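What you see is the complex with one protein chain gone and the rest in place.
By letter and in written order, the chains are A, B and C; residue numbering begins at 1 in each of them.
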Amino acid sequence: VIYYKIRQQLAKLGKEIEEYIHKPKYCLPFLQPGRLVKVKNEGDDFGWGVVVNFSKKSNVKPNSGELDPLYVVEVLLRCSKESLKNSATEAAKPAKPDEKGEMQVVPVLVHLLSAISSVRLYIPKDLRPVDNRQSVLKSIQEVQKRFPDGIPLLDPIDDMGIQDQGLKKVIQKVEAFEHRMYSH
Amino acid sequence: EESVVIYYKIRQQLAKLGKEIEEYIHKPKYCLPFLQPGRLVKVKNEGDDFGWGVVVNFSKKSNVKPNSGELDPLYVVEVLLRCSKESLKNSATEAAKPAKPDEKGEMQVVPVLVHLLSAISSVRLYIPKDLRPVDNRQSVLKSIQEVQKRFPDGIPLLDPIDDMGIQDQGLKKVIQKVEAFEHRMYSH
Amino acid sequence: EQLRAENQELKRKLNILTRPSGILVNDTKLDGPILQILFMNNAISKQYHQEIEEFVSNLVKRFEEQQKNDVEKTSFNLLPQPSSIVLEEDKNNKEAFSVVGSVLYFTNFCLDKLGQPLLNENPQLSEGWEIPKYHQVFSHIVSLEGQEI
Partner (left out) sequence: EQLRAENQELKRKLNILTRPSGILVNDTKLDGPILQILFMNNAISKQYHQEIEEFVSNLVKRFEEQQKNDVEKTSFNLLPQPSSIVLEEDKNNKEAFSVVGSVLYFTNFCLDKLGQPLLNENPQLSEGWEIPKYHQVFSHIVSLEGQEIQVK
């Protein structure tokens, strides 16, 4: 199938571009308190979220040779009422089609951020109450109508200052696959 | 001996072309938004150089009771210059004779014509709240003299081609001719 | 290659101006960017950084406490001659950003450019231009020849 090859190549070049947008370097200066990013777990789509108070790694991994360099970045997602019901269950749930729940701070892993956009919302102090934390949500759904073509992302070529070679190779490969897609 | 003659000729040509472009840079179309207080303009009405001074105000005040009629509007710019003591002691004859390098002089607001600004700079010294008491004038002197201790090559004044936004046909020919005479001079 | 060394580079600099895409705006001259601060490496600009954003927030807030007045332009304040931001494609909206100034602060002077917008004449009826107070002790304006006051 022409489209099967097309799809496969497209999504391989897709998977290639990341792991450079979220790293211990070229990323942590961007994770501002108010930056807008994405979160993509296996089979889970939370939506949009606002980074808040990313914290230094609490290394506990017995990797026996590595330095356990995973970072815990905290974002403000609307995961689930069902998931805030039980605090002891170490798991989150994506946004159900049901009642829209409440906003809470989820310390997701850096390797989960699919995209790191440029739109940076203003964050209010005193994010302890439940009502003002909804003021963020109504602001998010604001920007999504200001840009009806999707929120602009941060291409690492010109905007993040990525100077490596492999990412350039993958960019060339995806451009080639795109120009090949014209002949469907 | 003809080499020095040709050098003087090309120098006079360069000078006349400079005056011809200066007659375009200070025309009151593109230079009026550039007359904020503090632009460090220069004034030389062919007799003497006043120096560097900060702009205080400007206006389009026209000629009241026009002698022999009036068909072109003039502009008057109040700029804070350094005049001499003897000139202020009368302050009625011509409002002229700036201070000499043998006197420290004192600064005062002087009204000047629009066609006398021979250089517009791109620096804005800060001005005290209400000025007046001629001792903050001394602070203005200290600031304008300390600024001179940062650009020994020469203050960057402006660039008529991009900064102003001149898009009139003909300036390209004169800029080509000035660049040409500049090259010819720097060579011989 | 050799020539594309700087061209590929300066794209960063000529994209830091920014124009992400076609943005839907309705309130022309009240729905759009206010400033664009370019922070520089200096102990002053990296200790009071949150104070800058607090100042800008208080400014945008205090602008919203005025009504029942016509004070917005009041003079048909047409544009000075700008250098517009590049139109990046990733039609309409011809009134777009068209930056109208830029200043560097060195704590004892100001390196201005592009001047400042103002109507045809009378530079006392426009936003800005706080003229100091002078005495005007002279009564005879200088001139080339003739046309004396």
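One rule holds for everything that comes next: a contact is a pair of C-beta atoms (placed from the backbone, for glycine too) under 8 Å apart; a residue touches a chain by one contact, two chains touch by 3 or more.
Q: Tell me where the left-out chain touches chain C, residue by residue.
A: Looking at chain C, the ones touching the missing chain are residues 3-4, 6-7, 10, 12-14, 16-18, 20, 28-52, 55-56, 59-60, 63, 71-73, 79, 82-83, 86, 95, 97-107, 110-111, 113-114, 116-117, 127-128, 130.
Q: Which chain B residues touch the hidden chain?
A: The missing chain touches chain B at positions 122, 126, 149-154, 156, 159, 162-163.
Q: Against the chain that's been left off, what residues of chain A make contact? List them.
A: 24, 28-35, 41-42, 52-56, 58, 60-61, 70, 72, 74, 84, 87-88, 90-92, 104-109, 111-112, 118-128, 139, 142-143, 146, 154, 159, 161
To be clear about the criterion, only the chains that are shown with their structure count from here on.
Q: Between chain B and chain C, what is the gap in Å from one C-alpha centre to the other?
A: Inter-chain centre distance comes to 25 Å.
Q: List the centre-to-centre spacing of chain A and chain B in whole Å, with centres computed as mean CA coordinates.
A: 57
Q: With chain centres defined as C-alpha means, what is the inter-centre distance between chain A and chain C in Å?
A: Their C-alpha centroids are separated by 35 Å.
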